[PDB]
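All protein chains but one are shown at their positions in the complex.
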Amino acid sequence: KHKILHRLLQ
Amino acid sequence: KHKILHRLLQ
Amino acid sequence: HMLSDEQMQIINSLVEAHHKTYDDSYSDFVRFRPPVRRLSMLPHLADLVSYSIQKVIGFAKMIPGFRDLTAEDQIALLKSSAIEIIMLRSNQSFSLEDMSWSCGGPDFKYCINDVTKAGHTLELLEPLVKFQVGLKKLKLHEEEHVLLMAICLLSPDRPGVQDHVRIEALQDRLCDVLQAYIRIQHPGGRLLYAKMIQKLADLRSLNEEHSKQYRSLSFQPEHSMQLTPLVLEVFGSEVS
Partner (left out) sequence: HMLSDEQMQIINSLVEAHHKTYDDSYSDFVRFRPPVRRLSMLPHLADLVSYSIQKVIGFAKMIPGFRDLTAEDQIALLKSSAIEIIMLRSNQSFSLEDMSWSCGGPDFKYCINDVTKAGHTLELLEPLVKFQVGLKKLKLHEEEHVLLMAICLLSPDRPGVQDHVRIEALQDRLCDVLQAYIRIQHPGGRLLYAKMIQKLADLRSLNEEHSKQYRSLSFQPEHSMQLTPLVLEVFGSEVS
C-alpha cells in the first residue's frame, strides 16, 4: 500500500 | 478488481 | 475444396473487427507521452502498449463467441494473451528493411535500442525481432493474420480459464477455418498452417520472457509509476 509514496519518501 | 477491464468489456 | 458460408462469415467478422481496431494512419500516437531517445522510452512505450491493449479488447469483443463467455473467462484470456496479440498485431508496422516498427513518422519508428530504454533486454528483444521477421516472411493474407490473432486469443490453455470446453470448441472452429482458407485461397501454402501454429508456440516463449522482465519493472516503483492503470491491471498478477 502507498508503494510509490514510500519509494518517493526515500 | 479489474475495474478498467470490466468497464472496457462493456 | 471450398469455404462454407458460415466459415466466410467468421472471416468477414474478424476482418471487420481488425479494421475497426487497427488505425493504419497512427494519428493517435501523437497523444502519447512523447518518445525520448534512464528509461527514457518507458513513458512513450507504456502509452503505446496501453493504447494497444484497448484495441485488443475491442478486437476480442468482436470475435464470434467471445462476448458470450463469462466476464472472468474474458479477463483470463485477455490477461494471459494481450502481450502476444500486441506482438502479433505489431507485425503490420514492422519493416524488414529497417528491422524496426515504423508507425508513420520517424518519431514513431521503434528500434531494438528504443525498447531497451524502456527496461527490456536482448533476451527478450532478440527473439522478438527474429519472430517479427519470420512472421513477416510468411506474407500472410489479412484473412490469415486476423484468424491467427483470434486463435491466439481463444486459447484454452491459459492460467485461470474456467470454461475450457467452450473456448476450445471456439478455437477449433477458427483453426478449421484457417486450415480451409489456406488450402483453398493461398497458392503454395501447403506448409503454411504448420508454420503459423509454430508461431503461436514462439509467442508463448516471448510471453514468458516478457512477463519475467515486466516483473522487474513493476517491482520498482520509480518505473511502475510510469505505467498506465490499464497496463498495471492487464499485465498484473491479480486473479478473478
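Observations, loosely collected:
The letters A, B and C name the chains in turn, as written, and every chain counts its residues from 1.
Methods note: a contact is a pair of C-beta atoms (placed from the backbone, for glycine too) under 8 Å apart; a residue touches a chain by one contact, two chains touch by 3 or more.
Although one chain is not drawn, the whole complex shows that of C:34, C:105 or C:160 it is C:34 that touches it. Of the options C:112, C:138 or C:232, the residue whose C-beta touches the omitted chain is C:232. On the side of chain B, the interface with the absent chain consists of residues 3-4, 6-8, using the contact rule stated above. Within the complete assembly, residues 1-6, 8-10 of chain A touch the chain that is not shown. Chain C residues in contact with the hidden partner, per the touch definition given at the top, are 30-34, 36, 43, 47, 224-225, 227-230, 232.
Definition applied: only the chains that are shown with their structure count from here on.
Rounded to whole angstrom, the centroid-to-centroid distance between chain B and chain C, based on C-alpha atoms, equals 19 Å. Distance from the chain A centre to the chain B centre is 26 Å, each centre being the mean of its Cα atoms.
Residue positions of chain A touching 2 or more other chains: there are none.
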